[PDB]
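Asker: Here are the chains, one letter per residue:
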Amino acid sequence: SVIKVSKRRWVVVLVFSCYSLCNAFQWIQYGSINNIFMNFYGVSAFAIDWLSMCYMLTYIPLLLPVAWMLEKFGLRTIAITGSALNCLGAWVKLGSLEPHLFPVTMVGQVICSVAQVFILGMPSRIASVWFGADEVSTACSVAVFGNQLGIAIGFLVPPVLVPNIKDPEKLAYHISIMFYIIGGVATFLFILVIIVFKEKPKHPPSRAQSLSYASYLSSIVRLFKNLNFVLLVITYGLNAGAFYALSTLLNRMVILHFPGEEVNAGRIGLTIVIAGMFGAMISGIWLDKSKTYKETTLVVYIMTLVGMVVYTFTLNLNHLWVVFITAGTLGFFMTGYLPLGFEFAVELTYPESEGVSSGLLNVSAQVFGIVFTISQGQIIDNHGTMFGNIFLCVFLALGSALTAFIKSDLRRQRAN
Amino acid sequence: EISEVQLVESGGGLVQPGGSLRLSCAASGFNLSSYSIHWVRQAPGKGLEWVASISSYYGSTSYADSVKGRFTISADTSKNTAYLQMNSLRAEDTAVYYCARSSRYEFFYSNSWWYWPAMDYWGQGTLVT
Amino acid sequence: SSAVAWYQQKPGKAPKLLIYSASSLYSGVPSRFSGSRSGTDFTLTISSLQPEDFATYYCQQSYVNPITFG
Ligand SMILES: C[N+](C)(C)CCO
Numbered sequence: 004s005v006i007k008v009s010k011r012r013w014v015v016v017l018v019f020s021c022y023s024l025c026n027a028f029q030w031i032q033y034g035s036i037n038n039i040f041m042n043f044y045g046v047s048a049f050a051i052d053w054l055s056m057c058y059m060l061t062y063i064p065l066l067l068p069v070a071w072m073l074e075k076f077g078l079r080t081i082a083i084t085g086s087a088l089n090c091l092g093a094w095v096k097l098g099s100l101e102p103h104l105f106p107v108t109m110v111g112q113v114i115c116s117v118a119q120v121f122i123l124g125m126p127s128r129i130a131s132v133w134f135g136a137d138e139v140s141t142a143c144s145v146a147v148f149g150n151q152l153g154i155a156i157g158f159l160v161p162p163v164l165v166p167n168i169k170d171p172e173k174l175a176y177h178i179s180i181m182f183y184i185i186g187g188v189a190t191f192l193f194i195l196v197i198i199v200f201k202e203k204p205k206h207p208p209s210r211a212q213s214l215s216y217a218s219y220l221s222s223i224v225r226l227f228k229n230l231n232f233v234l235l236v237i238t239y240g241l242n243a244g245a246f247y248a249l250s251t252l253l254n255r256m257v258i259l260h261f262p263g264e265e266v267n268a269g270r271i272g273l274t275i276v277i278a279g280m281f282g283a284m285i286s287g288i289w290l291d292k293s294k295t296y297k298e299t300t301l302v303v304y305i306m307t308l309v310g311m312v313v314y315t316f317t318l319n320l321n322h323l324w325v326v327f328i329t330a331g332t333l334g335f336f337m338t339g340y341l342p343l344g345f346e347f348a349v350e351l352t353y354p355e356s357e358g359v360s361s362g363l364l365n366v367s368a369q370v371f372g373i374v375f376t377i378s379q380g381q382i383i384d385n386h387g388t389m390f391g392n393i394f395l396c397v398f399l400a401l402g403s404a405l406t407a408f409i410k411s412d413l414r415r416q417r418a419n
Numbered sequence: 063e064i065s066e067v068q069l070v071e072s073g074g075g076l077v078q079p080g081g082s083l084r085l086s087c088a089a090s091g092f093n094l095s096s097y098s099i100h101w102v103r104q105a106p107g108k109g110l111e112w113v114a115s116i117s118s119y120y121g122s123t124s125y126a127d128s129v130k131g132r133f134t135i136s137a138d139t140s141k142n143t144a145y146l147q148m149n150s151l152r153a154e155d156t157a158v159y160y161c162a163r164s165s166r167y168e169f170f171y172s173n174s175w176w177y178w179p180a181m182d183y184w185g186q187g188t189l190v191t
Numbered sequence: 112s113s114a115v116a117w118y119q120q121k122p123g124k125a126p127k128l129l130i131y132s133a134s135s136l137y138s139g140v141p142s143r144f145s146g147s148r149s150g151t152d153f154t155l156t157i158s159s160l161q162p163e164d165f166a167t168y169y170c171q172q173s174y175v176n177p178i179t180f181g
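Protein chains in written order, with the working numbering: chain A, 4 to 419; chain B, 63 to 191; chain C, 112 to 181.
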């Protein structure tokens, strides 16, 4: 009937993007200063990693129940849940400030993991609900950006806030000030989400949302009887999991090939995540202008395969600035792909909920990342870095062709 | 470039029985933080015998039954040096103490699922009498 | 399992890794050396013996904590 956009769309996208930033900061805070937390708690680097690995393990199971609550309860309920869990995870980490309270920090990080299942695949649902045509792909990218910027900030804030002193009493004071900051921002973002996050604007922002409005396992059966979405799940998994396996093993590579350059390995990782924030935005700003979702997806994908090859065959040319350029180009393209993939999924399966589509894409990427990381660490230890790198190139080359058999079946476009 | 990996054992010397000695193993080319270090001993009239292993990553220390309660394995990742404290040495602890490295890089996804690691690089040895 | 390693020690020198993971050859090891697993039975083979092959070869198990050499 009437399709009107409101200005609260920005407010909602910014509040979501900000507590997604906060959640992504909580995921990486322990790692940024891992050696400091190993000493504070007296645990292994394995135990401190479990903190970062728990975010990824929780998502695969809790996706299906969380996406049901999405349609059974709504998007305000999902926002309040996610924000509240992000706040609870953060505050439980203030009964962990004693060397012997590692179980409680893990209790906190699990809660913070469960909060992500209510945040990671939600960008495309919020875009669909609040943003109209020619801006839906950009909200989704403003959220992916909120997440990437929290991973970045998180690399940079803990080494500044907490020094590498060994004193068990002053390090606790230096971790209190980080835990307090994050708790007090997760509380602020929570209280706003309860204030300003409407379940739906007054009018549908788009003609596709207006018509969407007019069994859970049946709908999961129907997304997997759709070949263009199966191909996209597989190829998104290949690309994003290769990105994960690339990032996990990036430090190890630069120390093997540039021994003594630990400062610059972390700098190269910041370059990957910063270049990625920019590509996330521009990919979305390019899609809401052109609407070229099968051709963008293929060219990017093919640019993630050219980039993995150049990285592969330039890691031992003895030039650290070349590694900066190559790793920055990958992160650029491999993070610009993620918002593009979500929106191409929403185009291939339009009436179907954006939650289920984006969550299935995320579960794939998290499965393929775990598999590729396990496989690569076994290939590198036994055959070298170039072989483990080629491994990633051959799954990217295989994914390129799979991306090309996905049809440009743009339903949300056809519904305008 | 890929610096070559070298393990250098020091400390070994004659010591009186009930003597305590501390061997060291400097590590270049890799970090004791990503790899587990093992101690193996060979007596002039014997063969290779496994003493102790430490994982910095997994925070695990394992000891041979004979050495247990007299030998402590430890690692200083800040120096890339591992050590062995032999508190109550017996005349049958006279041997060439060699420090070796496992092939497996330790990280969260590290596993023995296709390839079981082995002792890749070894030191020259330091003799304890 | 396949946690068997074959080392070569020449007198007054450290053991050198020849084969690991039962059959996997370590980088740099002459291709004459090859190892096989057959249940709890493990066989090292030098396809062509060489002036170098004269030494002592030790089998090792890394399956359990108390690493045991042959
Ligand atoms: C994607 N991360 C796991 C890094 C954070 C989500 O909040």
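Don't take every hint at face value.
[Said to hold, decoys possible] Here are the simulated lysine-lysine pairs, DSS-like style, with alpha carbons at most 30 Å apart:
(1) B:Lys141 - A:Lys169
(2) B:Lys108 - B:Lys130
(3) A:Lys10 - A:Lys205
(4) A:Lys7 - A:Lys297
(5) B:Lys108 - C:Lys121
(6) B:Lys141 - C:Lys127
[As the list claims (entries may be wrong)] Computed far set for chain B versus chain A, every beta-carbon distance over 12 Å:
(7) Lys141
(8) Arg166
(9) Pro179
[What the hints assert, rightly or not] Between beta-carbon pairs, the in silico distance windows are:
(10) A:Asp170 - B:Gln186: 49 to 57 Å
(11) A:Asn419 - B:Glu63: 52 to 60 Å
(12) B:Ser150 - C:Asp164: 37 to 45 Å
(13) B:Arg132 - A:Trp324: 46 to 54 Å
(14) C:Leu155 - B:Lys130: 43 to 51 Å
(15) A:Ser293 - B:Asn173: 51 to 59 Å
(16) A:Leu323 - C:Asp164: 40 to 48 Å
Bear in mind the hints are in silico, worked out from the structure with no lab data behind them.
Here a beta-carbon is modelled for each residue, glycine too, at the ideal position from N, C-alpha and C.
Asker: Are any of the numbered hints broken by this structure? If so, which, sorted upward?
Answerer: Result: hints 8, 9, 10, 14 and 15 break, sorted rising.
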